[PDB]
Amino acid sequence: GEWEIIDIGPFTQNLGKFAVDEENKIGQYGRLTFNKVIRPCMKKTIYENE
Amino acid sequence: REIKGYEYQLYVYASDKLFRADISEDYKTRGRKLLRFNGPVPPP
Numbered sequence: 001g002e003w004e005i006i007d008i009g010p011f012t013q014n015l016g017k018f019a020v021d022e023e024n025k026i027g028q029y030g031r032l033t034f035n036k037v038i039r040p041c042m043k044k045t046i047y048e049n050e
Numbered sequence: 002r003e004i005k006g007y008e009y010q011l012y013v014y015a016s017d018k019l020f021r022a023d024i025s026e027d028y029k030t031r032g033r034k035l036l037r038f039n040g041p042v043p044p045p
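If you're matching them up, the sequences are chains B and A in order. The opening residue of the first sequence carries number 1 in the deposited numbering; numbering runs sequentially from there. The opening residue of the second sequence carries number 2 in the deposited numbering; numbering runs sequentially from there.
Incorrect hints may appear among the rest.
Cβ pair distances, simulated, as ranges [unchecked claim]: (1) B:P10 - A:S16: 17 to 27 Å; (2) A:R21 - B:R31: 13 to 23 Å; (3) B:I26 - A:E8: 16 to 26 Å; (4) A:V42 - B:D7: 14 to 24 Å; (5) B:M42 - A:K29: 16 to 26 Å.
Only pairs whose alpha carbons sit at most 16 Å apart, straight line, appear in this in silico EDC-like list of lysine to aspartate or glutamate [unchecked claim]: (6) B:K17 - A:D17; (7) A:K34 - A:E3; (8) A:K5 - B:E2; (9) B:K43 - A:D23; (10) A:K5 - B:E50; (11) A:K34 - B:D21.
It is worth saying that the hints were derived from the structure and are not from the lab. Where a beta carbon is used, it is the ideal one built from N, C-alpha and C, also for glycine.
Given only the sequences and the hints, what does the whole structure look like? Please build it.
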């Protein structure tokens, strides 16, 4: 829908941590230590139309 | 899960490797779900 870039503050660093922790329960890559979120970070917002 | 939420695409560094992660986020519940995780990728 809309699309926009967002800044890597502690909001984006959080979705970093969640993504790694969640992979580690399904850990096809072995197991991994998070390190950081780099730019760019994109964010789609969806509205009532599919 | 409803076209009423968000979707993020991310470049995460984990264990000195660069990965691609797409997350979803329900507007009402704040339900995040990890969607795709693939890597390593070349830096942007």
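Evaluated hints:
1. B:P10 - A:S16: 17 to 27 Å: Check passed, 21 Å falls within 17 to 27 Å.
2. A:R21 - B:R31: 13 to 23 Å: Hint holds: Cβ distance 18 Å, inside 13 to 23 Å.
3. B:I26 - A:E8: 16 to 26 Å: holds (19 Å)
4. A:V42 - B:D7: 14 to 24 Å: holds (21 Å)
5. B:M42 - A:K29: 16 to 26 Å: Hint holds: Cβ distance 22 Å, inside 16 to 26 Å.
6. B:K17 - A:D17: holds (14 Å)
7. A:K34 - A:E3: holds (12 Å)
8. A:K5 - B:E2: holds (12 Å)
9. B:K43 - A:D23: holds (10 Å)
10. A:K5 - B:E50: holds (10 Å)
11. A:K34 - B:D21: Holds. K34 (chain A) to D21 (chain B) sits at ~12 Å (cutoff 16 Å).
Hint check: no violations occur; every hint is consistent with the structure.
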